[PDB]
Amino acid sequence: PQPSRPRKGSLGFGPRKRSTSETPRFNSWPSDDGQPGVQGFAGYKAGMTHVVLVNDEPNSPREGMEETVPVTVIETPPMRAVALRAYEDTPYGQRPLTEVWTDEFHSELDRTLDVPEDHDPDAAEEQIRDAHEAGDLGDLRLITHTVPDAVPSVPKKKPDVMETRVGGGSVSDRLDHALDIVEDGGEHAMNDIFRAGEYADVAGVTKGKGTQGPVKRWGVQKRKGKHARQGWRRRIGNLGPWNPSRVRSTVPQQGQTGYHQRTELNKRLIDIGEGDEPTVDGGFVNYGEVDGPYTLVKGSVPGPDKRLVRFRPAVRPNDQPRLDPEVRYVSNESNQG
Amino acid sequence: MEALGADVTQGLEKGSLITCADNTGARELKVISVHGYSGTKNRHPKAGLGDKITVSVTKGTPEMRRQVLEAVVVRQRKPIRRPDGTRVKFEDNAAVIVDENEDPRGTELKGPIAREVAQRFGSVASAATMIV
Amino acid sequence: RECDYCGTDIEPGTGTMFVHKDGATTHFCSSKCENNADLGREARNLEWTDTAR
RNA sequence: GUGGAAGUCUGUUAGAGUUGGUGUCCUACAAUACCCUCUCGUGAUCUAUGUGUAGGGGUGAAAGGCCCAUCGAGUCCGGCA
RNA sequence: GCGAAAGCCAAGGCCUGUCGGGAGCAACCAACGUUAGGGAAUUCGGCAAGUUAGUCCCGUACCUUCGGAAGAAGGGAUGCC
RNA sequence: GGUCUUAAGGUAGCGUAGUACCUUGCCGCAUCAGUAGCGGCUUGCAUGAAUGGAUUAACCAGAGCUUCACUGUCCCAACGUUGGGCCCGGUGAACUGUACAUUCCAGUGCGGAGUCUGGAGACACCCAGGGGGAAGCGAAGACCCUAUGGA
RNA sequence: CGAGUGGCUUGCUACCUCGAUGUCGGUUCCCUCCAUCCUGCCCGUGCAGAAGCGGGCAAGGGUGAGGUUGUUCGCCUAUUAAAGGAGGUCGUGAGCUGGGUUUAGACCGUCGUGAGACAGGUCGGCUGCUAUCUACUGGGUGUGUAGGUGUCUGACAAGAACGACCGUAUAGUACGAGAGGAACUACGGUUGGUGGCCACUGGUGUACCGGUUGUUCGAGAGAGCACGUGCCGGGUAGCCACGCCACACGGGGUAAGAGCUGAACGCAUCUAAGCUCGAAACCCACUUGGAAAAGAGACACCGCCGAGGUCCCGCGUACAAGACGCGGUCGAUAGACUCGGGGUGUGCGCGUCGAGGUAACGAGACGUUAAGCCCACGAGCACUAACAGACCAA
Ligand SMILES: *C(=O)[C@H](Cc1ccccc1)NC(=O)CCCCCN
Ligand SMILES: [Cl-]
Ligand SMILES: [Cl-]
Ligand SMILES: [K+]
Ligand SMILES: [Mg+2]
Ligand SMILES: [Mg+2]
Ligand SMILES: [Mg+2]
Ligand SMILES: [Mg+2]
Ligand SMILES: [Mg+2]
Ligand SMILES: [Mg+2]
Ligand SMILES: [Mg+2]
Ligand SMILES: [Mg+2]
Ligand SMILES: [Mg+2]
Ligand SMILES: [Mg+2]
Ligand SMILES: [Mg+2]
Ligand SMILES: [Mg+2]
Ligand SMILES: [Mg+2]
Ligand SMILES: [Mg+2]
Ligand SMILES: [Mg+2]
Ligand SMILES: [Mg+2]
Ligand SMILES: [Mg+2]
Ligand SMILES: [Mg+2]
Ligand SMILES: [Mg+2]
Ligand SMILES: [Mg+2]
Ligand SMILES: [Mg+2]
Ligand SMILES: [Mg+2]
Ligand SMILES: [Mg+2]
Ligand SMILES: [Mg+2]
Ligand SMILES: [Mg+2]
Ligand SMILES: [Mg+2]
Ligand SMILES: [Mg+2]
Ligand SMILES: [Mg+2]
Ligand SMILES: [Mg+2]
Ligand SMILES: [Mg+2]
Ligand SMILES: [Mg+2]
Ligand SMILES: [Mg+2]
Ligand code: NA
Ligand code: NA
Ligand code: NA
Ligand code: NA
Ligand code: NA
Ligand code: NA
Ligand code: NA
Ligand code: NA
Ligand code: NA
Ligand code: NA
Ligand code: NA
Ligand code: NA
Ligand code: NA
Ligand code: NA
Ligand code: NA
Ligand code: NA
Ligand code: NA
Ligand code: NA
Ligand code: NA
Ligand code: NA
Ligand code: NA
Ligand code: NA
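Chains as they are written, first to last, in PDB author numbering: chain D, 1 to 337; chain L, 1 to 132; chain V, 4 to 56.
To be clear, the hints were calculated from the coordinates, so they are not data collected in a lab. Among the clues, some could well be false.
Label pairs and their computed distance ranges (CB to CB) [unchecked claim]:
id	chain 1	residue 1	chain 2	residue 2	range
1	D	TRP232	L	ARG77	33 to 41 Å
2	D	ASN191	L	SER38	46 to 54 Å
3	D	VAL285	V	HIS23	34 to 42 Å
4	D	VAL115	L	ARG81	48 to 56 Å
Capping the alpha-carbon separation at 25 Å, the derived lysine-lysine pairs in BS3-like fashion look like this [what the hints assert, rightly or not]:
id	chain 1	residue 1	chain 2	residue 2
5	L	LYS89	V	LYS24
6	L	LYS78	V	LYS35
7	L	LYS14	D	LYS222
8	V	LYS24	L	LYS30
9	L	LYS78	L	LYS89
10	D	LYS209	D	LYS17
11	L	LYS41	D	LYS8
Beta carbons are placed, not taken as given, at the ideal position from N, Cα and C, and that holds for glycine.
Make a model of the complete structure from these sequences and hints.
Structural data, given as structure tokens:
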């Protein structure tokens with residue numbers, strides 16, 4: 001009869017090849033509801049510990065009671081919106097129009113970009129407002145970068161640059177809101193965008209595992225019983241039927257596994273602090289000591305320790321925000337032992 | 001059903017031999033099926049704490065032997081996680097024979113019971129000697 | 004809480020509780036303790052144990 | 001108690017055999033190999049050397065088995081183009 | 001140590017079961033170790049693997065050609081000073 | 001039927017058999033469930049006495065079944081060890097090759113096409129992989145028929 | 001009784017292959033069909049309710065575990081929302097298995113004078129090959145677009161990224177004589193699937209530490225071997241699942257169907273023109289890939305005698321080659337050292353005790369000693385090594 005059974009692995013995350021950018025690139029942004037504001041932030045993964053919380057859920061028979069929750073510590077120092085890029089609507093989608101840069105740059109931004117020595121901010125700004133007058137102005141985003149030098153545990157100094165959308169009230173109002181941020185020095189922080197208790201979508205390039213077989217890469221079985229002793233242990237039965245006489249891309253095969261981008265949805269921000277309160281004794285294995293701006297994300301986050309991760313206000317939340325959860329205990333016990 | 005209020009790693013399968021924690025006359029029970037459960041190809045149907053499983057009597061009084069009855073899993077060796085993160089495991093695997101209404105077929109329960117089982121089978125709980 | 008075996012404080016959100024046959028309960032802070040226990044050893048006789056200390 | 005029989009038992013003693021793995025090998029190390037497992041191991045036992053039986057003939061506790069990688073009639077040359 | 005057994009070591013022989021260098025050395029394959037809870041649900045079939053194990057004491061069923069079955073089964077012991 | 005063919009007309013036993021077509025026979029044991037196994041029944045398609053019948057202690061790398069024990073056989077896979085594999089120096093074959101050849105979906109054709117027809121797709125070269133196709137390689141099919149073939 | 005559709009069964013035919021297209025079943029892995037078993041939306045009912053029966057749309061997803069048998073099929077058990085059927089050379093042996101069929105050995109029954117025969121039964125009875133092309137999964141090198149850095153766009157491509165169930169409130173309510181017994185909606189959980197992650201539990205951990213058997217180095221101390229750890233006990237990091245986190249709603253257009261307005265046909269009519277609704281299906285949303293999209297893209301800045309890049313050196317958030325990423329004295333990139341944080345479980349030696357023994361000797365106990373030994377992690381720290389320097393480039 002041959003019993004039915006779902007195919008092995010999902011066909012929605014391919015091709016399963018190495019990621020082009022180790023720095024994630026969101027392909028969706030939240031909706032323009034509230035007041036103007038940058039729709040994202042970034043940081044570097046450090047490790048995990050647990051925290052005791054007071055059941056915040058109003059529908060839980062346990063609301064108000066203690067509760068152990070797994071948390072991934074992410075160092076989230078301030079970032080800097082170094083420019084405001086403007087897109088225009090055209091018969092072929094959105095296209096960059098112009099950009100408004102500043103003059104105050106982080107000492108080491110030249111490790112990545114050919115920093116601007118001569119730029120005309122106003123002309124850019126003018127071109128943008130004219131575009132808006134004509135009504136061809138497409139969304140507005142800010143060129144942003146991180147300050148790894150601010151994070152000792154992370155070897156790199158070379159900043160990671162990424163573009164983040166600015167969603168706000170009116171286009172005029174948020175256009176202004178953008179320019180304001182940029183003109184200053186672009187210096188902004190996790191506080192300015194997220195509030196502990198809200199849900200965020202975290203993106204990142206997973207931990208790479210080089211080449212791996214089908215069993216691990218796609219979840220196919222291992223040869224069973226006698227078959228596992230004949231000469232085949234971790235190879236699928238066949239590449240397909242006689243006809244069609246070709247191997248279909250849908251059959252599970254070996255290859256690159258890991259080091260892929262992933263946008264993990266609805267991650268609750270348990271807390272946004274600063275200091276060494278979340279650090280573990282002996283130090284986070286293969287990372288270091290935490291003592292500065294940090295964020296505690298509920299559960300796990302894609303990517304390995306030290307990797308850049310990105311935050312974005314949840315684009316499709318299931319639950320309503322339950323702000324500033326009471327944290328009764330944060331474990332600092334050594335992660336060694 | 002109702003949330004157990006604890007996470008379980010089923011420590012039993014169809015065919016497993018467990019203890020009958022009561023005085024029905026049935027000593028050993030053999031798991032045959034797990035109420036409301038559907039597995040997946042090649043997967044052995046699994047059962048753990050708080051599940052209502054169909055069972056057959058392997059050992060006990062002649063009249064009880066070979067009978068196919070219903071029961072509830074009261075204890076399992078494989079750990080379970082409670083809301084505060086602590087794991088809880090027992091010395092043996094045991095179940096209590098139950099009827100259509102889920103009232104113990106017996107009069108007394110032998111050995112301890114997991115508190116979580118109460119949030120599901122009241123009459124079974126209200127017949128417990130020790131509830132850990 | 005305190006480990007019913009070695010005696011050190013059990014880090015919250017950690018450990019296992021073993022329910023005995025008779026109903027008794029035993030909280031363990033780690034595998035190391037549980038295992039030393041299953042070997043039939045008594046914490047008082049193990050010099051590294053806070054109990055013994 | 002003595003005695004120490006046995007086509008007797010255990011046994012990778014030596015030695016003989018070859019059940020399963022349908023493993024390794026399968027342009028091999030090898031035109032029958034390797035490893036683990038397994039059988040016998042004082043007897044109708046195993047073995048070296050010498051010696052006898054020759055092709056419709058031998059030899060065969062019989063499988064059409066064996067008679068120099070050749071067997072329901074060896075091999076060589078000839079009949080023969 | 002029961003031992004021409006294992007394991008270890010002399011005497012004697014050898015580094016010639018004769019290509020090497022490099023990557024924590026990935027997938028996959030050969031041999032193999034360990035795997036929680038369950039415990040043959042696997043499969044034609046428990047195939048493969050595993051369990052048991054030496055010695056002494058206690059104790060030993062059906063059946064039987066009285067020889068045997070039998071190391072039946074089951075229980076206990078086992079070091080060093 | 002209450003003898004006739006052709007001499008006799010199946011006795012002791014055994015029996016759904018390593019012999020039973022009907023067949024997974026019927027009843028029972030055993031299991032949640034047992035085309036299996038064992039016991040009883042048994043008209044036996046087509047059992048049966050040295051074509052030996054029945055039965056049988058001991059023995060068995062002989063066939064089937066059950067239990068305890070055991071366990072990665074399985075649930076469901078993981079990590080590890082050693083030799084390969086991968087890169088480098090040196091050594092250095094074979095199989096196979098009408099030609100052309102980057103194919104895919106359909107059609108057509110001696111009715112099972114990389115090469116025909118229509119479309120679709122297609123920048124070149126290279127490394128690793130597991131083997132879908134080349135009705136892949138290997139062997140003038142050992143089955144079947146035919147030959148006024150052979151043994 | 002009549003008319004058909006399919007090409008799963010069975011039969012017929014002898015077109016194709018006998019210089020061979022490897023058999024049945026199973027397994028594993030992929031795609032598909034709809035004549036729909038469940039799920040969604042509906043119609044009728046001999047539709048009170050509940051539970052059904054029958055029908056329509058509909059192929060998104062699901063359709064599972066076991067006992068006999070080689071079985072396909074089928075019988076049987078317990079679960080279940082349901083445990084649907086079929087095509088892919090009766091998909092799948094250059095993938096596996098080899099139980100059956102279908103070689104040589106043997107037995108039984110039947111048939112034959114006999115050799116020997118019997119889709120009758122039965123025991124035993126082998127599974128070759130280093131991939132040239134093509135195909136696909138992943139990885140590079142070049143050329144084209146025509147100097148560089150960074151950031152984007154989105155033609156198109158993939159997805160099931162989600163399917164389903166149970167429980168509570170609703171409610172012992174509507175309905176009903178009663179027995180019995182719903183729903184909308186809001187909640188909690190489970191199961192299957194999916195992607196990621198290791199604080200927690202768990203596995204490994206031939207790093208490490210301890211115990212101990214045999215033997216060898218005279219004893220002691222400290223060690224080698226016992227298969228690539230002798231065995232036993234514990235186990236860090238990492239990797240992992242048995243562990244943990246996350247995986248909508250809602251819009252738009254439709255099918256069946258329910259209707260509106262409405263004529264042909266003064267009436268009627270959901271349809272002919274127009275319109276309002278309405279499926280787990282379709283489109284969007286969301287995730288992933290994607291400048292080689294030949295209309296071969298956009299923006300900002302830097303640079304064309306110099307911007308940037310390769311080689312080089314120290315290393316990994318990367319890795320089979322290649323690639324990728326970071327650091328390079330204006331430095332914490334790796335090592336040493338010292339702390340911190342961890343694993344073992346209390347070192348050698350000496351002192352006291354020790355059943356005893358004239359004595360020699362003496363297993364072992366306590367103290368010194370949370371000791372000794374060890375660490376794939378972190379910090380401090382320029383002490384050592386990131387030196388020297390080459391090249392390409394409009
Ligand atoms: C019957 O189907 C025969 C049985 C057989 C014949 C000869 C020897 C032993 C058994 N089987 C075949 O004819 C198979 C043929 C294989 C052809 C493959 N190209
Ligand atoms: Cl398999
Ligand atoms: Cl079941
Ligand atoms: K043929
Ligand atoms: Mg094989
Ligand atoms: Mg740890
Ligand atoms: Mg199966
Ligand atoms: Mg711990
Ligand atoms: Mg003998
Ligand atoms: Mg012997
Ligand atoms: Mg001779
Ligand atoms: Mg013969
Ligand atoms: Mg196990
Ligand atoms: Mg079975
Ligand atoms: Mg099965
Ligand atoms: Mg065996
Ligand atoms: Mg019978
Ligand atoms: Mg006679
Ligand atoms: Mg063409
Ligand atoms: Mg021929
Ligand atoms: Mg013939
Ligand atoms: Mg003749
Ligand atoms: Mg072929
Ligand atoms: Mg239809
Ligand atoms: Mg489909
Ligand atoms: Mg086929
Ligand atoms: Mg099929
Ligand atoms: Mg094939
Ligand atoms: Mg083959
Ligand atoms: Mg091959
Ligand atoms: Mg066979
Ligand atoms: Mg057979
Ligand atoms: Mg025949
Ligand atoms: Mg056979
Ligand atoms: Mg050209
Ligand atoms: Mg060794
Ligand atoms: Na093989
Ligand atoms: Na093998
Ligand atoms: Na084939
Ligand atoms: Na005598
Ligand atoms: Na052999
Ligand atoms: Na002759
Ligand atoms: Na001649
Ligand atoms: Na040499
Ligand atoms: Na006769
Ligand atoms: Na014999
Ligand atoms: Na194993
Ligand atoms: Na192929
Ligand atoms: Na027809
Ligand atoms: Na041919
Ligand atoms: Na097959
Ligand atoms: Na469907
Ligand atoms: Na069956
Ligand atoms: Na075929
Ligand atoms: Na086959
Ligand atoms: Na084969
Ligand atoms: Na709709
Ligand atoms: Na281009």
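Results of checking the hints against the structure:
no.: 1; hint: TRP232/D with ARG77/L: 33 to 41 Å; result: 35 Å, holds
no.: 2; hint: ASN191/D with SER38/L: 46 to 54 Å; result: 48 Å, holds
no.: 3; hint: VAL285/D with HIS23/V: 34 to 42 Å; result: 36 Å, holds
no.: 4; hint: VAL115/D with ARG81/L: 48 to 56 Å; result: 52 Å, holds
no.: 5; hint: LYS89/L with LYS24/V; result: 11 Å, holds
no.: 6; hint: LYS78/L with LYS35/V; result: 18 Å, holds
no.: 7; hint: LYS14/L with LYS222/D; result: 23 Å, holds
no.: 8; hint: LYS24/V with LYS30/L; result: 20 Å, holds
no.: 9; hint: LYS78/L with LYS89/L; result: 6 Å, holds
no.: 10; hint: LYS209/D with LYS17/D; result: 12 Å, holds
no.: 11; hint: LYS41/L with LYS8/D; result: 12 Å, holds
Every hint, counting from the list given before, is met by this structure.
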